[PDB]
Amino acid sequence: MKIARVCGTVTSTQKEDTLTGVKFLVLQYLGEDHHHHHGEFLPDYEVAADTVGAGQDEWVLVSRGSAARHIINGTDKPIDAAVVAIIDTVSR
Amino acid sequence: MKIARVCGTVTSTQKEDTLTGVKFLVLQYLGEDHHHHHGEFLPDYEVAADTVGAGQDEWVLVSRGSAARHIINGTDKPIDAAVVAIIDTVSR
Amino acid sequence: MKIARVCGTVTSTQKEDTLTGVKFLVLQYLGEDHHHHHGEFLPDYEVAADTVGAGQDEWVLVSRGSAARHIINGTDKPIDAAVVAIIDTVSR
Amino acid sequence: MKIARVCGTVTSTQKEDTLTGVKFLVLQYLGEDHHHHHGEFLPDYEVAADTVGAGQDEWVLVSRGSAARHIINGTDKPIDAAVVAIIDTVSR
Amino acid sequence: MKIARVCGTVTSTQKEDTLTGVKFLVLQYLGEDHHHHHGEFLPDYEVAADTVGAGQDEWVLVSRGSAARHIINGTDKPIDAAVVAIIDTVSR
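Protein chains in written order, with the entry's author numbering: chain E, 1 to 92; chain C, 1 to 92; chain A, 1 to 92; chain D, 1 to 92; chain B, 1 to 92.
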């Protein structure tokens, strides 16, 4: 889906060369439970790397298009999910 | 499926650089309910960007081929659904 | 699947620029019912464009490889199903 | 899956231009039944084209990577399953 | 999923030309059973090739992006799963 939840994630400098230059973040399809409780997840199957964007914790646009990473990385090579754009709307 | 329902969508100028130049629209596989009632949806997992086409509200052809965005965008880079063509037939 | 049923389809000149040059046809995974009755379908989710081939109505080979459209279209750009080859065998 | 069963298949010279040069073979995910009986299948949805390899009838490695067909075909264009490599191990 | 279990695998020199240069390894989505017992699997549908990385036996990052194999292979051609990066964290 276009809308997805992005969680913070940082670790010792370690990532693919092509992935280098992009911050590693954790993405989760599931979000708030019944519009209530933030909820917590342990599994990190879905991984996304992109710059810091406001409202990323709640909801943000995501895509697998290489174009998203092309602007930051370019030369084309890396394949993964990235934050092409962000939404001003935020949960309250 | 080739046939899909396209809904209007506009917001503050905010989109990927490669996506720039293409109008952001919302796509929904589900349409009229039992050939009755237009119906309404809240989820926007499926996102499509393309020019304005007649009959888009009812039914329109859609594809993920980069060729569709190549004509408008070109240089190849952006990946997503777009309206390659439209059908003259409309619901009545 | 490699084998698929192709149905005829023609309408007012309207198709993507990259799709231009290829005849628009309707493809359906489902075919004869229990080796009996031709059957009829209304939905056209699966869309395929290619030249006219014998035995297409019954069964014909299909693929999404851009190579198929490359020979007819070339320059690479359009993405969809096309009739790479046809089978001499036909239902009787 | 990497491991798949390859069956023999030959017909009148008829195949896509890009597919030309590669022998047409039939691939089937299902193999021996409960390590017993070879079994037989009629459906040929999964189609694979590659050179003749020993142990292909029993089990052989398969991939959709264009690199496999690149070595034989090259120039990149055709997309399908091919025998990148074969295993010396055979059923007995 | 980003996290996957990698198992050792070595055999007589036999692999696709494009795959040449990369060690052949076996990947399995399933790992420890209920955080207990290492467990054992016979099926090898998921195949991954990459260099030797610490913690690969337990958990390691994996991706299908050609960029991963591009650094090792380059020229682009081979398509498969590879270890883009490894995690220092290990089961204990």
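Just so you know, not all the hints are guaranteed correct.
So, partial list: chain B residues that the calculated Cβ filter (under 10 Å) puts toward chain E [said to hold, decoys possible]: (1) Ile3; (2) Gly8; (3) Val10; (4) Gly21; (5) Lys23; (6) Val26; (7) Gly39; (8) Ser66; (9) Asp76; (10) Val83; (11) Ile86; (12) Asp88; (13) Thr89; (14) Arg92.
Since the hints were made in silico from the structure, they are not lab data.
The C-beta atom is built at its ideal place from N, Cα and C for all residues, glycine as well.
Now for the hints, and whether the structure bears them out:
Hint status for B/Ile3 relative to chain E: holds, with the closest Cβ pair at about 6 Å, below 10 Å. Here the hint on B/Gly8 is broken, as its CB sits about 22 Å from the closest CB of chain E, past 10 Å. A distance limit of 10 Å between C-beta atoms decides the matter here; for B/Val10 the minimum to chain E is near 24 Å, and the interface restraint is violated. Hint on B/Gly21 is violated. Least Cβ distance to chain E is approximately 16 Å, over the 10 Å limit.
Because the closest C-beta pair between B/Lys23 and chain E is about 17 Å apart, greater than 10 Å, the hint is violated. Taken as an interface hint, B/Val26 does not check out: its beta carbon lies about 19 Å from the nearest beta carbon of chain E, beyond 10 Å. Hint status for B/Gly39: violated, given a least beta-carbon distance of 18 Å to chain E, over 10 Å. The beta carbon of B/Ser66 is positioned within 10 Å of a beta carbon in chain E (closest approach about 7 Å), and the interface hint is therefore held.
This hint holds: B/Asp76 has a C-beta 8 Å from the nearest C-beta of chain E, less than the 10 Å allowed. For B/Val83, the interface hint holds, the least distance from its beta-carbon to any beta-carbon of chain E being 9 Å, beneath 10 Å. Hint status for B/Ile86: holds, given a least beta-carbon distance of 7 Å to chain E, under 10 Å. The interface hint given for B/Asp88 holds, since its Cβ lies 6 Å from the closest Cβ of chain E, which is under the 10 Å cut-off.
A distance limit of 10 Å between C-beta atoms decides the matter here; for B/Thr89 the minimum to chain E is near 9 Å, and the interface restraint holds. Given the 10 Å rule on beta carbons, the hint for B/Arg92 is violated: about 17 Å separates it from the nearest Cβ of chain E.
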